[PDB]
Amino acid sequence: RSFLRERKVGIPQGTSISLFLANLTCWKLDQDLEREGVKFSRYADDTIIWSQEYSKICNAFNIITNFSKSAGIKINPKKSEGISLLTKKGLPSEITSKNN
Amino acid sequence: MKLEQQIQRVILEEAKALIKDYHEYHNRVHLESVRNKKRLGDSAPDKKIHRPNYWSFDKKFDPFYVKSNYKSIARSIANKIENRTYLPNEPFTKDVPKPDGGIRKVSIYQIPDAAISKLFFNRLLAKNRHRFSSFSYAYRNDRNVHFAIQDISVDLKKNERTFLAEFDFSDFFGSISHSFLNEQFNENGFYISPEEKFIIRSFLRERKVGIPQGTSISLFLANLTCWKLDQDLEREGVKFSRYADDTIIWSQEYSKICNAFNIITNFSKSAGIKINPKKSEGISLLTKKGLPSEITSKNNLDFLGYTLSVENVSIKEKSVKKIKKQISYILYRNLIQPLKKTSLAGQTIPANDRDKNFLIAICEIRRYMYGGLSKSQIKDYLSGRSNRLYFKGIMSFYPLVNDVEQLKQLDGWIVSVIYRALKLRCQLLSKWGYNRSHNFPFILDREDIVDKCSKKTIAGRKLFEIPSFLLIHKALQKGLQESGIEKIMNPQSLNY
Amino acid sequence: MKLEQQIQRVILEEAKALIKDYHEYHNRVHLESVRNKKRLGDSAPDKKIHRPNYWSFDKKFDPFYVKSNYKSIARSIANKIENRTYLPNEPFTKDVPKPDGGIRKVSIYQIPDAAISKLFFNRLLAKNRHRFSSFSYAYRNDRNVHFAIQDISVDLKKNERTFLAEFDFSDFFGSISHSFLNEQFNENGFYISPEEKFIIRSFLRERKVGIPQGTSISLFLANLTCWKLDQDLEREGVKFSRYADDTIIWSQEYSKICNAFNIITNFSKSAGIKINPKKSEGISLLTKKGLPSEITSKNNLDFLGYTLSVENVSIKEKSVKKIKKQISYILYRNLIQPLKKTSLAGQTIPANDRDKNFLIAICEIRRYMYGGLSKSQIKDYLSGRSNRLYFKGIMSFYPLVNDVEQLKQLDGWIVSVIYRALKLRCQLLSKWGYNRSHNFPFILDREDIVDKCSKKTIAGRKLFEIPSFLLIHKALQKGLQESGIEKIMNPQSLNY
RNA sequence: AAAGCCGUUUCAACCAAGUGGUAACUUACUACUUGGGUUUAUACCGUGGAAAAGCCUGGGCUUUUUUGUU
RNA sequence: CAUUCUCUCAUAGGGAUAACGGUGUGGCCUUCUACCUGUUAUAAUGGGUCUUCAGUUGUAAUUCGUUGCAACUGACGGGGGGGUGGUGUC
DNA sequence: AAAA
DNA sequence: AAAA
DNA sequence: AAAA
Ligand SMILES: Nc1ncnc2c1ncn2[C@H]1C[C@H](O)[C@@H](COP(=O)(O)OP(=O)(O)OP(=O)(O)O)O1
Ligand SMILES: Nc1ncnc2c1ncn2[C@H]1C[C@H](O)[C@@H](COP(=O)(O)OP(=O)(O)OP(=O)(O)O)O1
Ligand SMILES: [Mg+2]
Ligand SMILES: [Mg+2]
Ligand SMILES: [Mg+2]
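These protein sequences, in sequence, are chains B, D and C.
Using the authors' numbering, you'd call the opening residue of the first sequence number 201 and step up by one each time.
Using the authors' numbering, you'd call the opening residue of the second sequence number 1 and step up by one each time.
Using the authors' numbering, you'd call the opening residue of the third sequence number 1 and step up by one each time.
Treat the hints with caution; some may be incorrect.
Sample of chain D residues facing chain C (criterion: CB under 10 Å; computed from the structure) [what the hints assert, rightly or not]: (1) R129; (2) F135; (3) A138; (4) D142; (5) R143; (6) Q150; (7) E187; (8) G189; (9) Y191; (10) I192; (11) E234; (12) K239; (13) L382; (14) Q481; (15) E482; (16) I485.
Bear in mind the hints are in silico, worked out from the structure with no lab data behind them.
In this text, a Cβ means the ideal position worked out from N, Cα and C, and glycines have one as well.
Produce the entire structure from the sequences given, and follow the hints as far as they go.
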């Protein structure tokens with residue numbers, strides 16, 4: 201609480217305690233994603249979720265949206281690439297597709 | 001006799017309402033003719049009273065004849081109904097313009113038959129509306145289009161990504177299979193007495209498929225037809241909002257929306273009302289303004305005069321064009337059109353910085369948009385200084401619009417169009433031999449029109465203030481928070 | 001001022017209603033005292049008029065005092081409300097009996113505060129009922145218990161195997177967190193004006209957790225509290241019907257019902273209203289009478305006076321016991337109880353085959369269940385010979401009962417109990433020195449009671465016919481067909 | 001051989017097809033009383049009045065009856 | 001073929017009737033409202049001012065949800081075509 | 001072994 | 001058509 | 001609180 205006193209929102213940048221605070225902040229999101237059955241890998245704000253089912257990935261999108269509304273951390277549409285479909289090099293795809 | 005008294009009352013009320021409407025029509029036609037002569041001068045056309053054509057087709061169409069002998073008509077109708085021999089007379093069908101879909105067939109039933117249909121529709125709705133889905137907002141005394149728009153807006157604002165599905169039935173009223181309807185009478189715990197059932201079958205006897213267009217009983221039949229569809233959609237867990245044939249379905253899951261598509265297809269195959277491929281947009285994905293989408297995406301959708309997005313509710317673009325057309329035509333009619341005639345005889349030429357035509361145009365715009373409310377009254381209501389404010393204008397038909405930016409653009413458009421129309425009026429006056437560029441209404445720049453027009457005062461009132469959408473929108477929001485959609489649009493009576 | 005006039009009207013109407021109720025009370029007490037003296041003779045107790053105790057607690061409790069000066073009270077209330085200093089006076093809380101769960105605390109607010117609560121509840125319900133789920137049937141002017149029972153009955157009859165989940169909230173009114181309530185005011189598109197919000201907070205100021213018991217604003221707050229739960233249950237696709245705390249959830253899938261359980265648990269954790277494991281029956285499986293079940297099974301469910309099975313709707317067993325208690329007590333009071341006194345002075349001993357006490361008992365029984373309708377009137381209505389029939393009896397509280405077998409058993413019980421009570425009356429008369437076994441009411445066998453009683457005629461009317469549940473049930477079914485349940489059970493929109 | 005079914009006789013106010021046990025109760029216990037207005041006679045809550053009585057004081061209090069109530 | 005009244009064989013047919021219905025403006029009552037300024041014995045009449053929203057500041061209550069008050073800050077009338085200038089970048 |  |  |  202002492203390290204958060206100067207500001208009224210957000211955690212300080214460039215100090216160690218903020219790392220633990222960031223890890224602790226995204227615990228409910230991690231639990232929800234795990235219990236959805238999707239595989240994911242979060243590194244600070246950068247998050248990648250991949251599953252074999254479209255419904256699971258849509259639910260993951262909804263879960264991240266709910267978590268953002270709960271914690272007040274909106275997602276920038278620029279850096280966030282949305283939902284895609286990772287196929288092989290020449291496999292036809294029915295929705296937006298990327299090979300890597 | 002209980003039935004005969006009811007029929008007498010209904011027929012008399014309907015005939016008296018039609019007579020009052022006709023008297024209002026011809027009185028306002030005379031008043032507008034007087035104003036037109038004061039406007040167009042010697043070129044004004046003569047007053048022309050039109051009685052509706054179908055009044056000559058049959059006497060029972062005439063409200064005056066029905067009011068003449070309504071006891072006899074009601075007595076005969078009751079006698080025929082209780083003999084199970086009653087049959088409504090042939091309606092007058094006209095080709096109502098539907099350029100969007102070609103033509104549409106509307107029917108004007110005779111006053112006695114229309115009254116009987118209204119009475120039995122009221123009864124059937126009263127004893128069965130508790131079985132109708134809460135998400136069917138068409139032809140009800142407890143559901144409005146504004147409730148549907150509020151529900152859609154709230155649910156869209158809750159989430160960020162929604163799967164939509166919009167479907168319009170090709171010919172909803174004209175393709176209902178009568179076998180399906182007669183099977184639906186004993187389902188969902190519907191309470192239809194044998195008399196009401198006989199009346200319903202009587203109104204369907206002339207045709208072999210579909211329900212008549214323009215009777216009240218057809219509205220209840222349409223609501224009853226889509227009960228299994230409503231139950232299936234509810235049991236799927238999707239949120240929907242049906243208004244007659246126009247159906248919107250939205251859910252957070254793709255599988256639910258695909259199942260909703262299948263359910264609607266099955267219902268259409270069961271009832272014979274095929275969907276319209278051109279009007280139905282299909283399955284989409286309603287995202288925010290810049291969110292990437294994996295399937296066909298749209299940032300906003302249209303539903304009954306409202307363009308709904310994720311963030312805000314706005315007027316439909318076609319309705320905005322209608323508003324622009326009406327306001328611009330008011331300006332053209334009161335400012336430019338009189339000056340385009342061959343002669344200016346009998347017209348008042350603006351002079352001494354007093355253009356009555358400009359005042360008339362501004363007042364008529366305020367009447368169209370506000371409804372006659374001065375800015376002082378609206379500001380008083382907003383401040384809480386006053387507690388009474390009446391909402392009857394173009395805005396009362398869109399009480400739920402929360403798009404302040406669109407109203408700002410509309411206000412700017414109004415000011416700019418006023419300035420340009422005034423410039424054209426000045427040019428025409430100069431071409432007619434009158435220099436008035438230095439007088440009040442024309443010397444104003446676009447920036448100073450509102451500021452100077454607010455200060456201008458006539459008869460101790462500010463009749464020259466340019467009306468603004470934002471102010472009446474603030475009044476609408478406060479009204480909603482205090483009165484509620486119903487009362488707000490109560491005078492509006494959207495209907496349509 | 002608009003507010004002060006509204007408060008005046010509401011307070012005056014409430015006070016006048018209470019005064020009318022009191023006058024009816026004491027007039028009927030005097031009439032029943034006269035009848036009692038004609039019944040018990042010299043052993044009849046004297047008339048005792050009770051004014052309610054809390055009328056002495058404070059003058060504003062007294063309807064007469066409030067009616068004396070209601071303008072002043074309304075003026076002061078409006079002045080305090082506009083100053084945001086209004087605070088309702090302390091109610092009179094008593095120990096209403098709840099032996100099923102110990103005791104229940106109810107509160108009788110003062111007449112002005114109760115009137116204000118009723119007025120603001122009416123306003124809030126009017127401007128917000130379109131947001132309430134259609135499956136919340138408690139404390140509404142558009143829903144009642146009978147609509148819920150009809151919905152449940154139809155849905156259960158549609159299928160054969162349904163997964164149930166019955167839950168009750170422990171002290172639902174008295175455990176709602178105020179933080180949750182204050183957070184709910186800005187959700188679901190609720191339209192609550194600042195005056196209404198301030199009034200709501202005013203009625204919650206005395207306590208810290210939970211809403212008061214015995215005010216209309218409490219009913220609105222209870223309806224508003226369970227909106228997120230209703231939305232979640234609807235979006236799960238399950239069918240449910242919540243009345244106050246009583247919540248019946250039924251679905252065709254086990255997973256949906258488990259998710260409904262989890263949803264209710266989450267809502268309880270969010271609002272702090274825990275579920276009592278005693279009254280909550282948990283998740284069951286409603287099958288037919290002899291269908292094997294793999295989990296905990298029941299063949300019928302109880303919901304607010306109705307025992308609902310898959311095939312038919314029947315009166316709740318406890319309500320059947322109440323009916324039996326009332327009828328048997330009527331017979332005992334008018335036949336046996338007068339004869340058990342120490343002396344029979346002033347009592348009319350039956351003679352000449354004229355037992356007036358038997359006639360009085362039969363008439364009172366008919367009043368209890370039929371409401372005073374003769375079998376001739378009901379048969380005339382059934383045949384269609386007549387179109388007017390009023391439904392005010394014990395069966396007007398159960399219009400949707402379609403269990404003919406249960407009513408047949410009840411009719412047999414009525415006849416048998418009448419016969420046995422008559423036998424006991426004859427025995428007591430013999431013990432008192434009067435042999436009457438050969439006279440009209442006592443010489444009758446059980447088989448011949450109904451026939452001879454129907455044949456009996458007094459004053460040109462058949463006042464001796466033994467009332468039957470089946471006939472009034474047929475009348476109720478026809479009345480439901482010709483008029484929505486709403487009107488039939490309209491005078492019975494209360495509780496217990 | 002039964003169960004069962006069909007009789008017939010007898011006991012009971014109901015709960016009770018029940019209880020360790022079995023009676024009581026309706027201004028009770030824990031939701032309603034006749035199709036709507038229109039006035040002869042009956043009559044109610046409370047307050048007035050007039051009579052009587054029984055107490056205090058030397059006029060007041062209490063209880064009954066009458067009247068308006070109606 | 002009174003749109004008025006009435007009769008009946010009563011979704012049709014008779015009778016006598018000159019009114020029947022309806023509109024704009026005005027007066028009366030009733031709501032109805034902040035402030036400032038004209039005229040009269042203190043009320044009419046005349047002319048003006050402001051009202052909203054968000055944030056911050058400080059203050060008073062709050063049953064801690066919030067509310068009130070005071071002061072500042074900010075928002076509060078579209079777009080399109082042509083010419084032209086400054087800024088911006090190699 | 002963990003950031004400025 | 002909501003409480004006591 | 002539906003007519004067209
Ligand atoms: N203003 C109105 N007046 C009368 N009836 C209307 C009005 N608006 C709608 N309706 C009726 C007649 C319409 O056929 C019906 C709604 O159906 P609509 O939206 O026109 O689609 P539809 O299935 O009839 O297609 P289409 O018009 O191409 O045949 O409601
Ligand atoms: N007369 C009433 N009618 C309707 N609702 C009522 C009434 N009295 C109380 N309520 C509300 C508030 C109470 O919490 C509840 C009464 O139902 P009840 O069966 O007594 O359960 P409960 O909610 O009191 O649970 P518990 O008895 O386990 O504490 O409903
Ligand atoms: Mg369509
Ligand atoms: Mg409960
Ligand atoms: Mg027994």
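Outcome of the hint check:
1. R129: holds (8 Å)
2. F135: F135(D) check passes; min Cβ-Cβ to chain C is 9 Å, inside 10 Å.
3. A138: With a closest approach of 15 Å, the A138(D) hint is violated.
4. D142: holds (7 Å)
5. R143: holds (8 Å)
6. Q150: holds (5 Å)
7. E187: Where the cut-off is 10 Å and the nearest Cβ of chain C is about 9 Å from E187(D), the hint holds.
8. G189: With a minimum Cβ separation of about 5 Å from chain C (threshold 10 Å), the hint on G189(D) holds.
9. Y191: holds (6 Å)
10. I192: This interface hint holds because 8 Å falls under the 10 Å limit.
11. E234: Given a least distance of 7 Å, the restraint on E234(D) holds.
12. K239: holds (7 Å)
13. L382: violated (14 Å)
14. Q481: Holds: closest Cβ of chain C sits about 6 Å from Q481(D), inside 10 Å.
15. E482: holds (4 Å)
16. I485: holds (7 Å)
Hint check: violations occur at hints 3 and 13; the rest are consistent with the structure.
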